[PDB]
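Consider the single chain below, provided in structure tokens and representing the form deposited in one PDB entry.
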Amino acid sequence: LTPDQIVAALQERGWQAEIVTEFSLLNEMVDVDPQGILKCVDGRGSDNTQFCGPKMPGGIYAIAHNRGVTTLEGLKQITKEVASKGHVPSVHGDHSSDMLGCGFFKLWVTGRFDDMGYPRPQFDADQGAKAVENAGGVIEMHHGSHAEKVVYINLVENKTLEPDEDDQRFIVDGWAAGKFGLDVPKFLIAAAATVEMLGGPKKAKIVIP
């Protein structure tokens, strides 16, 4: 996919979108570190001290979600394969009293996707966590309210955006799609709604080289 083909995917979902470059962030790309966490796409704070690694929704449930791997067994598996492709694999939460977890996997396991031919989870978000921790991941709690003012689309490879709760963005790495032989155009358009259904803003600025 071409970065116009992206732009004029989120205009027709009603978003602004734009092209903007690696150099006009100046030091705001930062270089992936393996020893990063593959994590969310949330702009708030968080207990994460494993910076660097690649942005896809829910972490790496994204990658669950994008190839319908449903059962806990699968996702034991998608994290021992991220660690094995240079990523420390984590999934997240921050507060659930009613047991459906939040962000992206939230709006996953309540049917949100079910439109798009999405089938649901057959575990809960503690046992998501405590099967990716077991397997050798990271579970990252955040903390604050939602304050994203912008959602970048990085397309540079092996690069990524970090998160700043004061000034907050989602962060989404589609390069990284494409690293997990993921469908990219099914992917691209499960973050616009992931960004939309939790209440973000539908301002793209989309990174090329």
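Residue numbers count along the first chain shown, from 1. Between two forms, the rigid core is the largest collection of C-alphas that superpose within 1.5 Å. First, how it differs from the form deposited in another entry.
- Superposing the rigid core between the two forms leaves a single residue from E73, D124, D98, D114 with a C-alpha shift of at least 2 Å: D98.
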Given for the second form:
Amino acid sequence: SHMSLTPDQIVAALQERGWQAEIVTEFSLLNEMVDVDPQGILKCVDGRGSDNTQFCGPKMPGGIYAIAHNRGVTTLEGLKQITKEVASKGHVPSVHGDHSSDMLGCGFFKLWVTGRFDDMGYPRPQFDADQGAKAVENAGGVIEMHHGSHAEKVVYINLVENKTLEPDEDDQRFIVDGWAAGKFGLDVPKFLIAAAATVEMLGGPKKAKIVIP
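Show the form deposited in another entry, please, the one above being the form deposited in one PDB entry.
FYI, this one's just the chain on its own, none of its partners or other molecules.
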């Protein structure tokens, strides 16, 4: 699908939402960015450390839940199809939880399952966090589990195709691979605004750096 928003438009929309936002170049982050590895899990934007051992995969809110959420897919069967679709498209599908809250450890899914997106026009999932994880695992996905408290300092919205930024548990940041929404045919403006709202509702930092190629 089309990314449709220009970097300046993304910065402007976020500023209108009360965010501090700026554009940074792929060049400025040359040493930090990494090419996407097909063996890496498509995982959450969560900036915490975890038990992940499958690195360099794309980052989307809630892992593959970002895809179901944007598409309005709310059944376990639909979740299973998305799990298989992601796997068939060059990434190992994943969703995650944490040690303190188990499967409600994913902030994005907690917001979704409890209706925090109702007013933005999203249908609610017809399953709970445990059921979703079981379905993703059954369909061949990975269930990642984080540890520690959220300490993200900034949000990177990466528009550089087939590259990503990795978590740093001691110098955390939310990483949103906007280009991946395009890859999966998502409505990109809805996806980006949902990502911004997610950070807002979870009390994350309303500070963004849009990475351009």
